[PDB]
Amino acid sequence: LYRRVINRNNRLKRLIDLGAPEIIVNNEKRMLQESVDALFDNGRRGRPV
Amino acid sequence: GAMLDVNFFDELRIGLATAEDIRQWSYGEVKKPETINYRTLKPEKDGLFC
Amino acid sequence: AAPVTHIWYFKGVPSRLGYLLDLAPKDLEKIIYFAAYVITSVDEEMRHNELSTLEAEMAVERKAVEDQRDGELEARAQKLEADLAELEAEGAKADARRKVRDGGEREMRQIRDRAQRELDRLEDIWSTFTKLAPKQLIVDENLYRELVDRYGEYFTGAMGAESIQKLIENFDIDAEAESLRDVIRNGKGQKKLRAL
Amino acid sequence: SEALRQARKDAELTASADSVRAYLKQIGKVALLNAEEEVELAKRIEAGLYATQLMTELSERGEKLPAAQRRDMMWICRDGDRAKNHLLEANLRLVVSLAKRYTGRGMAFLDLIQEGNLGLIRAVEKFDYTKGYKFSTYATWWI
Amino acid sequence: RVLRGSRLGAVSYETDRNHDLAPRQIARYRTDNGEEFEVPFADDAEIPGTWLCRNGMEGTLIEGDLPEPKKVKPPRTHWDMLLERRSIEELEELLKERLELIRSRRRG
Amino acid sequence: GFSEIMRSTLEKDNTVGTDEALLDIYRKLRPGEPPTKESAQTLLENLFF
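So the sequence lines, in the order shown, correspond to chains A, B, C, D, E and F. Residues in the first sequence are numbered from 343 upward in steps of one, following the authors' numbering. Residues in the second sequence are numbered from -1 upward in steps of one, following the authors' numbering. Residues in the third sequence are numbered from 98 upward in steps of one, following the authors' numbering. Residues in the fourth sequence are numbered from 209 upward in steps of one, following the authors' numbering. Residues in the fifth sequence are numbered from 4 upward in steps of one, following the authors' numbering. Residues in the sixth sequence are numbered from 253 upward in steps of one, following the authors' numbering.
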């Protein structure tokens, strides 16, 4: 869980420094939010990781 | 507050933690998804075991 | 790199974020999961003292659409007049001539309801720009993109956990506190129970 | 009829827990292109990059700034980025169609899609049109 | 039957003396956003100029000694990818053609 | 032919049309999918026979 949070955070940082259209950045931020949610409580929102 | 905890207690107050207290407990920002070296079995720099 | 809501104060019964902001949880889930924008701030005074000029420009654009569709209808009327003059001058079937006239009539009716749809779109974006209140959801994002480039300098709208953070940032607690005190003072029924 | 229309409208406006369904609904808006449009967009990209490089060598004391020349070179420089974003938003579906078969081991499907997107950004950086080939055969390698 | 484990760390047994230790200095490091941190370095030891702080951002030393500031280069640009594959005459050809197209679209 | 239960459900059938019945069966069984009149009739033979 910590590795997924670190990976998606680093990818979001790279995407913001690169400059991308809004679809990619919004998808990456949604994945970051769901990673933090799965870290704090797996299986709360929909299917568990 | 008490960080040594020598057996004298009166209260255990819970509370909602903020970003300042979170970055004030910490001893450094972990910034790599690495755990251990695959060959020499030592913790990596800036990893989850650093 | 970007802020993130806690899962504990959002996905419980009752949802504490939804109770603190008085927002429904199935709309909060649409806000924090990048599915729908929200209105993080609004400027009532600038819209208030410039709404006359803004509705004047709205009337200018709407009347330009009206003049364009009147020119379209006149072009279809000229083409149907030419169709009638080239239909009744030669030996032709009157059933096919009536079908040609009805095709021109369907063309100008397509013109008029396309223009009606454009006017309904402009009046819908005007109705939403009048009813622009904070904590409003703008679903499907194309109305939002049409509402940003016009009058971007009069409101802000974000999406997600940074929007929720800004909403909590520009939030007075004592105002809604005393408002709920007044409501539980002067209420009856389900309204007082929810305010409790 | 409109009964199937209201049925498809009610079924299309349903919220689930899968983020990938929302992502596919998101990327299903922009339509695909053809090779002449790809050539035109790549022309716009390279022209905008040369215009902003002219602005880069103009940002020193290289030349005084005429008003009309300044504003329309700003228009070309801003148009190139919109063309670039248009090409990326076109070939997102190719990225998904490539990433759909590397699942089943280790990573998540959205992570695979995102790394494919980053490879597609690299491919539209180093894509060339004067070899006269389609964009997809060049971008499959980088994805 | 029984399965044993071992973390990769040696465990000593000594006396935690508080009196006689190796003496040591203290230096203050300064980050970008006005943060200060104090690091106890040993005596017979070189004091490094920059030092990664507890905050996570790189923090310089509080006394001005001027180490090497950057000593780096920018990695790669899309302009570099364009320039390494085409000539400036071709770039000016596309630029003049686009300028004539925006001219004929704007006022022509 | 001999029960008020099936006669009352016959008077309470409330959906006229065999193809309408296939559309209703598809719309009830599968959620979030736009119904079609061709694949719904092939679905029921693929599900039970």
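Don't take each hint at face value.
What the hints assert, rightly or not - Derived DSBU-like pairs: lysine-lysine, alpha-carbon spacing no greater than 35 Å straight-line:
no., chain 1, residue 1, chain 2, residue 2
1, C, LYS232, C, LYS196
2, B, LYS29, D, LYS233
3, D, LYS217, E, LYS76
4, C, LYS263, D, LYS272
5, C, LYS190, C, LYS289
6, C, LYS285, C, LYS232
7, C, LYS263, C, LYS228
8, E, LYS76, A, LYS355
9, C, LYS228, B, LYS30
To be verified - From chain D, some residues computed to sit far from chain F (all C-beta separations above 12 Å):
no., residue
10, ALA211
11, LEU212
12, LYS217
13, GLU220
14, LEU221
15, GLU244
16, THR260
17, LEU296
18, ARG313
19, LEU320
20, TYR341
Said to hold, decoys possible - Computed list of chain E residues with no C-beta within reach of chain D, every gap over 10 Å:
no., residue
21, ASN21
22, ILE29
23, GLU39
24, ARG57
25, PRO77
26, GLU95
27, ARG109
Quick caveat, the hints were computed from the structure, so don't treat them as lab data. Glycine included, C-beta positions come from ideal geometry on N, C-alpha and C.
Structure-based check of each hint:
1. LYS232/C - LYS196/C: violated (53 Å)
2. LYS29/B - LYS233/D: holds (33 Å)
3. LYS217/D - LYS76/E: violated (55 Å)
4. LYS263/C - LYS272/D: The hint is violated at about 43 Å.
5. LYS190/C - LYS289/C: With a Cα-Cα distance of about 75 Å, the restraint between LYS190/C and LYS289/C is violated, given a limit of 35 Å.
6. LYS285/C - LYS232/C: holds (26 Å)
7. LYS263/C - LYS228/C: holds (21 Å)
8. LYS76/E - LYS355/A: Measuring from Cα to Cα gives roughly 20 Å; hence the hint holds.
9. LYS228/C - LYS30/B: The hint is violated at about 47 Å.
10. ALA211: violated (8 Å)
11. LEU212: violated (6 Å)
12. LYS217: For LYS217/D, whose nearest Cβ neighbour in chain F is about 9 Å away, the distance does not exceed 12 Å, so it is violated.
13. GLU220: The claim is violated: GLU220/D sits with its nearest Cβ about 7 Å from chain F, within 12 Å.
14. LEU221: violated (9 Å)
15. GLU244: Answer for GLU244/D: holds, closest chain F Cβ roughly 33 Å.
16. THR260: It holds; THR260/D is separated from chain F by about 45 Å at its closest Cβ, greater than 12 Å.
17. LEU296: holds (28 Å)
18. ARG313: holds (29 Å)
19. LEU320: holds (24 Å)
20. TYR341: Given a closest Cβ separation of 37 Å, the condition holds.
21. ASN21: holds (50 Å)
22. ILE29: holds (45 Å)
23. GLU39: holds (37 Å)
24. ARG57: holds (31 Å)
25. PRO77: holds (13 Å)
26. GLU95: violated (8 Å)
27. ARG109: Given a closest Cβ separation of 7 Å, the condition is violated.
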